[PDB]
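Below, in structure tokens: the form deposited in one PDB entry, a single chain.
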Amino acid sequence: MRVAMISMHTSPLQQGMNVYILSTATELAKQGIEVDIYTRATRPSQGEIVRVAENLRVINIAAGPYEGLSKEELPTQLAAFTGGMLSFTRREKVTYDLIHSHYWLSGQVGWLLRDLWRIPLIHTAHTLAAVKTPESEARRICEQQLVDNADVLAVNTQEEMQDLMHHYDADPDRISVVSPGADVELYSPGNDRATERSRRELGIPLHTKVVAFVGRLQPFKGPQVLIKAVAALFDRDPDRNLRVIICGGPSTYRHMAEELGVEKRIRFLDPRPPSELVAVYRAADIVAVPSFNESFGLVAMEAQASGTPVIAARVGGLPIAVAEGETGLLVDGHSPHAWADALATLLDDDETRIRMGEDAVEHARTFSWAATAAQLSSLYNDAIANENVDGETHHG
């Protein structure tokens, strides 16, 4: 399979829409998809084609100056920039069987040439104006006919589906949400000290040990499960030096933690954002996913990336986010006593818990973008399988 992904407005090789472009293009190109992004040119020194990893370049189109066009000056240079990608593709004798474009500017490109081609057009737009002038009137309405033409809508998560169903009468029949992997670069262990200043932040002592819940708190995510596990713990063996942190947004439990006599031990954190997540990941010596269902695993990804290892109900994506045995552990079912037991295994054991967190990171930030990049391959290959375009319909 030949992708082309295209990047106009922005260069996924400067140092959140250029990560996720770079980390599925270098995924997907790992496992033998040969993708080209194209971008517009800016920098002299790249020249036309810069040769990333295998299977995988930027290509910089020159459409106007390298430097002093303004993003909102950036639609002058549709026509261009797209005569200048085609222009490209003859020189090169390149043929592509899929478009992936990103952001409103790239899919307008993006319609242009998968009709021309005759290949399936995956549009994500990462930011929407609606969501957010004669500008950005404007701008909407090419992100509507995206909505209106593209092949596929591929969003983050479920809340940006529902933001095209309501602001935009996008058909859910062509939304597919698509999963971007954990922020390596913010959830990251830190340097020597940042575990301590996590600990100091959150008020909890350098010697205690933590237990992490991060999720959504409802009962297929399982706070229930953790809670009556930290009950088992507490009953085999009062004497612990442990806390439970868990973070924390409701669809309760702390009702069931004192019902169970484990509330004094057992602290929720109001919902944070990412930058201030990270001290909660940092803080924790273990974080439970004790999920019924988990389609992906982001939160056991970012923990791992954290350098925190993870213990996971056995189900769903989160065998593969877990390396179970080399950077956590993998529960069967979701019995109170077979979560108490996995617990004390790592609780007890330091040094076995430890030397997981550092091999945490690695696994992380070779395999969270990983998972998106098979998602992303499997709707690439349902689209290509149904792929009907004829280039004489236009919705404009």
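Numbering follows the first chain given and starts at 1. What changes on going to the form deposited in another entry:
Checking 113, 266, 223, 181 against the motion between these two forms, you find the hinge between the rigid parts at 181.
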Second form
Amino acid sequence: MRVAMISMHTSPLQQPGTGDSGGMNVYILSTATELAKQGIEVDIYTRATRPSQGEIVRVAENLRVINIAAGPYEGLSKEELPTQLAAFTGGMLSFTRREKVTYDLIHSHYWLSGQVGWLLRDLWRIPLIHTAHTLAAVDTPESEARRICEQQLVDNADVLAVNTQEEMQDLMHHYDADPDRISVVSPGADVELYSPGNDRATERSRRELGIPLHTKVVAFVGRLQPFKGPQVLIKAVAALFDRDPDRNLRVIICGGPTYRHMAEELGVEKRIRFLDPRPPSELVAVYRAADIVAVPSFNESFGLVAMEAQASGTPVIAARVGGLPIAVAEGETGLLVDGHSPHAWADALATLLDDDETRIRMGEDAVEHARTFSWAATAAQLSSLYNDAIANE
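Let's see the other form, the form deposited in another entry, since the form deposited in one PDB entry is already up.
For this one, just the chain is written down, with no partner chains and no other molecules.
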């Protein structure tokens, strides 16, 4: 079995997040790697952006990323990438023709990639598996255009792979999806890498990151886009410092795009610290060093940062939003905040910072919790999904 995965607008090889690179990228790369271990051949197609990488990147046995040239290597933001839909498809058509390579099935990620895959599937007479990841309908002409396309994929993909059950409800409610085509594939997290793990480990991480050993630490991890709520953490942190101006707290925010600006405006620059985005082998230390990981997302999806925080033995305080309620066992492995007000987040941060015994236990419980996912697990579900799709064509 050879699968073509399509990831048009962002490459699995991009440092997540910064950029347009986040959970979706690591979802695609992690599932792909596990599929490849299981004997399944995966080619992940993405738009070429870094010519030093070459056309074909051999990632591991059975795993390749294909950088397809379509428009300049730069000066094209996500919003304009629709203009490259036909060219990127054509890119894949040449590549496959040139390399004489045939696929059993296509698995597209995000609506741009799906539009590509819908054309390819009729042409190649193979099935399309589509994963939305995020949806317009969950108010501009550009979003109505995107919705309309998301609507097309819903009506045409052979299988709609969603990441949670709540996402399946969304497909059914907002997109009139036929439930017989939706299929829940519950995601994973690299649970061997992200891990507590050793009794000296937190304080080793702290030495390594230059954090003082005796202080409480809250961490934000991920893209510094406003829908991710880092502003909420900074605002909440400021609130805590009005209540008690010498609270023993430091914040590390990690990593990529100003918020430092908001933090000076609010008088808290000295206790906040912005870490550059880094690869997973190095993010572990951020998680380990943190007492609490705050994930104040406005939109979401399926909660990957929450999962890795948990895996690594650190309780999470998340927004009641997207996948987070499922990624976090409210009251057992962390807290869920309603809304994004600074007052509410200060309260929730205060209750875990001041109650040592509770927080220490949430952390331990989270490890057991996070072990319910499992990229391997995720691949095994996709494995079956694929087999069925092929079986039924």
